[PDB]
Amino acid sequence: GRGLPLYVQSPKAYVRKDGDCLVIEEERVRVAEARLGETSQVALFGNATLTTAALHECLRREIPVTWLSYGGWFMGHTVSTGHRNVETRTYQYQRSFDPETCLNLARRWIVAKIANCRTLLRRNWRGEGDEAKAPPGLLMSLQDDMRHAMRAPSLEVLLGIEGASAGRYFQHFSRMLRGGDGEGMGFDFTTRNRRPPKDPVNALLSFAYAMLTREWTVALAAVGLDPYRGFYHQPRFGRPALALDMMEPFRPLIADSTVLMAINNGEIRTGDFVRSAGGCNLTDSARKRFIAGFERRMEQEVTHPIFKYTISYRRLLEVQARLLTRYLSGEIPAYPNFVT
Amino acid sequence: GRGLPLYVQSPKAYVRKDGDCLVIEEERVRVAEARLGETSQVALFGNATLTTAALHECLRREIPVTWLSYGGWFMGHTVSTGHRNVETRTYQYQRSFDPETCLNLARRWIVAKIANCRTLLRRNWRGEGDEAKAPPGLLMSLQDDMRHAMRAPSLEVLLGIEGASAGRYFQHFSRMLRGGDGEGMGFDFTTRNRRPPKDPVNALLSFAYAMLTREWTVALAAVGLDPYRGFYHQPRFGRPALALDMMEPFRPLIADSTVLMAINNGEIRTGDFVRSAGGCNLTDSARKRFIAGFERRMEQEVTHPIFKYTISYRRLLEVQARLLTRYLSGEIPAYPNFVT
Amino acid sequence: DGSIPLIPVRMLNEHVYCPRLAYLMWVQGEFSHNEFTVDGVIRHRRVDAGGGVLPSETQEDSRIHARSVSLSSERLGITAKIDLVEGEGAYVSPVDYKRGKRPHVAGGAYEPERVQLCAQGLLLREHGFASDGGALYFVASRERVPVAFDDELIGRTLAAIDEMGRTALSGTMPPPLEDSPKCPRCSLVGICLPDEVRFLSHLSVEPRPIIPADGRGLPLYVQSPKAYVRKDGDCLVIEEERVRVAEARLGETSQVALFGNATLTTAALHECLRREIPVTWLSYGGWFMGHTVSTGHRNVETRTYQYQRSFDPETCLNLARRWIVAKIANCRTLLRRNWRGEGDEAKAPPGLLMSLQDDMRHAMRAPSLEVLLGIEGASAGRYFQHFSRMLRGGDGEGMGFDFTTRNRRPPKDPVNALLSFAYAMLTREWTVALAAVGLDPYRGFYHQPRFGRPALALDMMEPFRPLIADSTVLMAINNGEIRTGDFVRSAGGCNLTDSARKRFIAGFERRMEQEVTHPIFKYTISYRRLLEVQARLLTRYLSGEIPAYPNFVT
Amino acid sequence: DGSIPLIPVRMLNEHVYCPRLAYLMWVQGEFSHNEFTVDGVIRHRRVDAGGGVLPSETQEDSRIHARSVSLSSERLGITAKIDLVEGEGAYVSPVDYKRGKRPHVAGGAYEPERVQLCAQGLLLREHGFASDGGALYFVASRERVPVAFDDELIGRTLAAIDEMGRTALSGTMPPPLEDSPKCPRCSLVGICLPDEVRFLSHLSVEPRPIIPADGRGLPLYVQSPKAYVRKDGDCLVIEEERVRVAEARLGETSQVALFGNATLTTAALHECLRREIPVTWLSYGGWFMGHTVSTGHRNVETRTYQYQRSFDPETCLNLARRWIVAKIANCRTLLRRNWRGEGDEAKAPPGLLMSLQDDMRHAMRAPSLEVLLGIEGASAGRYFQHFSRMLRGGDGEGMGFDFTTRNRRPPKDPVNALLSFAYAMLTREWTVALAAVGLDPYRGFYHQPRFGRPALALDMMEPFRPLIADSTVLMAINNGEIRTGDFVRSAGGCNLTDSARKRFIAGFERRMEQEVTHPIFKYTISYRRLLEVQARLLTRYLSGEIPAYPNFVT
Amino acid sequence: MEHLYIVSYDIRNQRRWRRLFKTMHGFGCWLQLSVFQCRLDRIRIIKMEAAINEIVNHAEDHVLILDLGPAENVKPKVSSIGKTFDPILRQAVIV
Amino acid sequence: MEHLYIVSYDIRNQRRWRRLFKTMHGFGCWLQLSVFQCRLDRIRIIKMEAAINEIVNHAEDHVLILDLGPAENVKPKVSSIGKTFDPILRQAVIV
DNA sequence: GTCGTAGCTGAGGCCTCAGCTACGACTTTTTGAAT
DNA sequence: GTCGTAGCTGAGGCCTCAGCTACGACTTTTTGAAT
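Residue numbers (this note's numbering), protein chains in the order written: chain A, 1 to 340; chain B, 1001 to 1340; chain C, 2001 to 2554; chain D, 3001 to 3554; chain E, 4001 to 4095; chain F, 5001 to 5095.
I should point out that these hints are in silico values taken from the structure, not numbers from a laboratory.
Some hints here could point you the wrong way.
As the list claims (entries may be wrong) - Each computed DMTMM-like pair below joins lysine to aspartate or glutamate, with the alpha-carbon atoms no more than 20 angstroms apart:
1) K4047/E with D2234/C
2) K1198/B with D2234/C
3) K5083/F with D4061/E
4) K4083/E with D5067/F
5) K3081/D with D284/A
6) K5075/F with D4086/E
7) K288/A with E267/A
My request is simple: use the sequences and hints to build the entire structure.
See below:
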């Protein structure tokens, strides 16, 4: 690597440039430094301040200043008019037309997604009292499917196999609840992913998936990448086809994990849902309680992209995106995906 | 006669109808009565009140209610839609085309005017100290001119003779001042009656003549007469040709007399005038002081139209107008003019 | 002699513009305002109405800046009130203010104002001054336009003085301008009636469309028997039982009608008088008791002609023949166009039309007024006999006409009361219109004067009875303005409730403000304007200006 | 497979209206507002945006009055969000709100909305309901117009579902409507470009006059180096030294340009972001440092085509040939029409015109990009060598051009600095316009990407340099916008005082908002609109829709 | 032909305000807290602008006169959000 | 084509007044003590009337919107007696 | 139904600004016109 | 140039009405547009 994103949490903050350094001040009193050598995007939260000289020094070094709301809602980027990233974009577009590029990254993404799913099985299995362990036949089955995904011949075969394995994971997803079937929170193994959520658990799953997709979109656009040109999913109709491509490994870690957190912590209850002729949707208070929960899961630290330094998830996303652009253009072969 | 005008001086007044009577009230307290048998125009001053029932009873009996301002400024009449007066108007118009009608009334008016002039000579002669009496040669001369006016052949001869006699009266008009020539108030014997007043005395004379003409106009219109169709003067150009015809006897009594009053009482002084290249005009304060003086002369009582009952001048005017309409249509021959 | 007063130099300005205009404005009063006269008064008022320095009698060396200076010379025969006089010591110069832009003519000043300035210049020369010039100070751009007293300019001025003198002494109003562009804005075009007099005097043209009336409002009707009309400055608030029912803006009010026992505070009466807004008192049932007048109307030629012709038999006879022939023709036309039958009755019976036309023509050949009144009675009898034929497709409940119940005091039918109210409330309109044109509404040629019914309004309303009164009654009954419930019985007869009176009066007003097309001149004119136009044309006919009165047969 | 998402039934409504419209709105995002879309949103928002009752799963007997109900069936392939659902117990009926009056057509409902209502009806039938009907509740007159699900109406609906599926899977945007009256109000006519694509695709017509742009404002320029732009709600107050210099209404602002050390409070930046108002940071001298972006532009076909064609040599070569031939032609035309000599010099020397035209044609026959760049350099050298020929009729005091001083960093002439400022301030306009149409302003076919100068704005500005930049410089010097005093020396070179920068920027703005006439389509279009139209036409050309890009040679 | 005028003022002296409220009730009808609607022909608009050039003090007051249209077609030109808007009607007063 | 609108209000609650003064500075420029002049095309007039139907309380407030004309020919339609009247001009802000 | 109405004083209600203290909006995908 | 701005409180200035007490206008004849 080269450097790391700097997150200016303090809404009080005032950021100046000190020669080769970026100085954070609080009330005319210093807080911390970045110093532009190991820097990446500078993320400014609500009503922080960035002196225009510091902004110009960021732009000249082609650093994607990003503006988040006070809470952390994304509001826009600020990119420089230099070839720093157009090289990355042209590499992405030139290489998306290739069969091994699409196929190889798709195989890696799917094997990582499956591995995260089975690791989450062995983490959060709550068939407690009599089945402390998941059926190792299931674990062997998912291992076999993982090898199959390693050696899928083409994209459509991989899509079919992916759908299969994800379904057989969701077969025991309800096995991971507070210990039994969640009567009042029913989970359907088959009505997955239809546009209106027909189950409360599926409503949570879809909402978490949408927020994860948004996070991945903004992280991808922070680096010089076009989120709407995917390698595995399909591009048009307004679908972010690269966020959808890359969020696959992170579905169990941030979406399934957030739902499990908020349902095993009693944050989400049967009274929070409204059902209408085939649609189960959250209530506003429940919606933003769940948004707070999604934050709390996005705030956790995990240590091992390939270098062990305990990043928050929201920065691990950028680390992965930079790793992707770095795989492209031929720095590091085969995009070392993040798997736990 | 039949009856007399009722003048409601009180601006407080409230006038009702009591059967055959017209009752004046002050503050729910009675003042006086008229009783409609001997009534003529009902003159209401500023913000007096006339109940609509009383108004209707006046109209049904065809009585010309007239509205004056608080001071006494005329503001309009209120005539009934009956043939009471159209008979008088049609008699006036049918009879104005006649030669003896015009000629005879003109002769009477001029002889009365001359007689009033010479009587005012014998009244107000102020050649005091050495000439207590006017030159009886002048008096004999005006008597002779009066006979000539009695036996004038036609209208133009009467006009010429009238102009002569009025001039020889104005020759000694300045003889009637505070005792001598009014240096600072010069009177011109010959520049009479030119439209701009070239002398202060002539300014007073013209202004008094105009106010007298207005009074006569409203008095004539109160009765059913057209003031704009004259017997002696000429009708068109907007000149009131019947006010001008009938004010001739009253010129010495109300206009000359008012000027003499206001100049021998010191009310009008040389400082009241502004002179401009052939025009001597009054100043505003002087103008309305003179208006007050004209009122005061119009408020005096004189007794003898033909019936001795001490009317104010402003009602003597109506008595004369009614006498005129009564001469017309053939009630009383030869219009018994008022001469003192 | 006193055959002619001194010519005001503004009338000298007008004479060189349109001799008929000078005759109207000077020999007969007869002024009226429009956009431009009002605007010019507004310009002049704020500065030159108020006086200033005097023109010094003894002038040696000092600035002369007199304003609104009144001179006259009687050797010349003119009188003036100069807007301003600018002079250095002994060389003065008249200055006349105008209102608009500099005109687009050679010299920047039209022929009239040049003559006015030259006349004022001669007047100044008379009083011992050296003028030899003048100016026109247009207030809008204050672009002083000099004028030099050229010699034949003085020739024009003296010629115009003589011409005005002769045309005033002659006593014949000069003809209108020939299809000029001056007339559509002369602010007396509503009184000159240029195109109408041209067309009827056989100088035949096609009358150009009505130069429309401007700056006149609509009446005020006070029908409530317990109303109290009081002044509130410029508005006129009508309060009933101590609550403001409605307000009427005095600038937008053209008459006032007080029905029954409605009170009008003396201050409101004074304010109406100050604007010559006619006020008419009526009985509760519409009887026209009295109205307000103010020292006569300054036009005398009109009334003199009216009376002098009134004393002429065949003039009266010809006018009466015209009038009742027009009435019978209009009765026929109404009977036709609004006959509502069902079948074999749905269109008029020609025998009735034969009788009515034969009566029209028997009246046209009448020997005297006696036979004329007889024929009018017979024809009106037939018309009313068939009148019920044609309302609501037949009589309704209670809405019963009795043809024999007409022409007498207490109405004992509903529709008889409605007709009598309409007649007695059109007589008021005609009286006001006739008194507003200088005529005397009580001296009539056909009718005789009697209380509550002026003899000339009763005359000139005869053609208009079927068109306005009867038409309003018919439209009111047919449209459902009035049904039987609206009436109340009484020992006298039938009367209307207040809800009925307000609706009926509104209907009559809508009729009066309803446009038609003149048969003769062919332009859209409201009925209220038409009454004024007809009154003016009667004045012209009596004046001997036009050959005969246009009776408005439709 | 996932080759196609579920068709939203509003896109089903649009497809039966204009298949190209459905393709644009669904397969490429690409929405824009006008009068009517905004008005319709305003109608729907105040009531049906907020939810209501749920459609009961267990329905026995009770009123169903659900609002904004989201269904979908994946057997059918559609998804909907029904405006309202009125049902008694188990017989429901979709209700769709509209905005206007009842249309003047048989049945009171046009073909599209009938199909939308039938589709929602099928969706309701899918979830276990009996609909057999629907309604259209026009909010303006609330005249509910029923619609019955006739059989071939369902035939139309299913046919349209299949048709949209196939046209989306094909990947070819259907042609525009043929001279239809639908297009002048479809709120994407600025993106469809119907008549232009018709005309250039050789379905030749005469392009109807520009359906004018609507609801777009003018930029905000912040040139003062000590300004502070802060939010004041919806305005945007620019205060300098703690005093309000000016306010800018955010609804009427279309861009923001921050020159030099001008500060923009973070709240103002957020508010600009919420409206996608582009914000561009520039050096003090106009260098384009950076701008603001937001998660890309949802149109992908445009960028995919752009890059895929960028990897094709002769496409790049043909485009570059067109571009610099247009540049040389425009240089010739400018040299002609604005040459200002005195005598024997007052009109252009034909030898120069020979050289320039021969260079035009030598470039038109270029073998590769290397020779093209060489020819561009030579022609620009000649053009600038003669550039000074034609300003103020010759060089003034200090206003000295050096033709050899072009194309490098610090400007050491006054007019060199003026040109460099104009170029660097047109590059911003082109970048914004190109990013607003979905393209990627940095991937260019001719130029190579380097800092501060996007490779595609530099490309497509080449024809427009003489028309906008050079023309603005010339008009500014000639009219006296800039004289020698306006400049200030510096160790680097020449710069402009603030009084100069404001006037020059105002001049450039006046140039951008100055109407011209398109050579090809022949309608009056402002330059700013012309940049957008040209960008869109480039997108179409790369799309393979039209044969070749129209280069705007004048 | 008459036009519909809307007149709105700011008057900075209570006496002048009385004078102007005086005059304006002379001409039109109250519409809003300091706004009058006037239906006037040419003579009366000349009168109104004559009056309000001497009622007001040109130094610090402000009177605004808007000519909406021909008073027959004003309704499409005026949109009121609170109370109803109803133009002045030219008809007699029957009460 | 843009039109010139004149907007005048009476608001009977200080909070709603703040809300409306907010919104109106969003749209036009101050003219008189409670009057704004707005130069808007169609999209923005729709926006303004959308905003002022939820800012105000229809029960007791009153907002009046007058459409003077096509904003190029408004000067003959507006006569100001006190201060000068100058319509909103559509040009960039150079300062 | 008492002079009636013009003109001035208070008490309350609109309309805006200067000066203070809280705060810390942003939410899946669809819908949205036109003839 | 320190978070910046949204939102609330006061103090003054416009705008009108209800309720009181003064009062008590009116002025000659001319001028005033239009093409």
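Each hint, compared with the structure:
| no. | hint | in the structure |
| --- | --- | --- |
| 1 | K4047/E with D2234/C | holds, 13 angstroms |
| 2 | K1198/B with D2234/C | violated, 41 angstroms |
| 3 | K5083/F with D4061/E | holds, 8 angstroms |
| 4 | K4083/E with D5067/F | holds, 18 angstroms |
| 5 | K3081/D with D284/A | holds, 19 angstroms |
| 6 | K5075/F with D4086/E | violated, 26 angstroms |
| 7 | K288/A with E267/A | holds, 11 angstroms |
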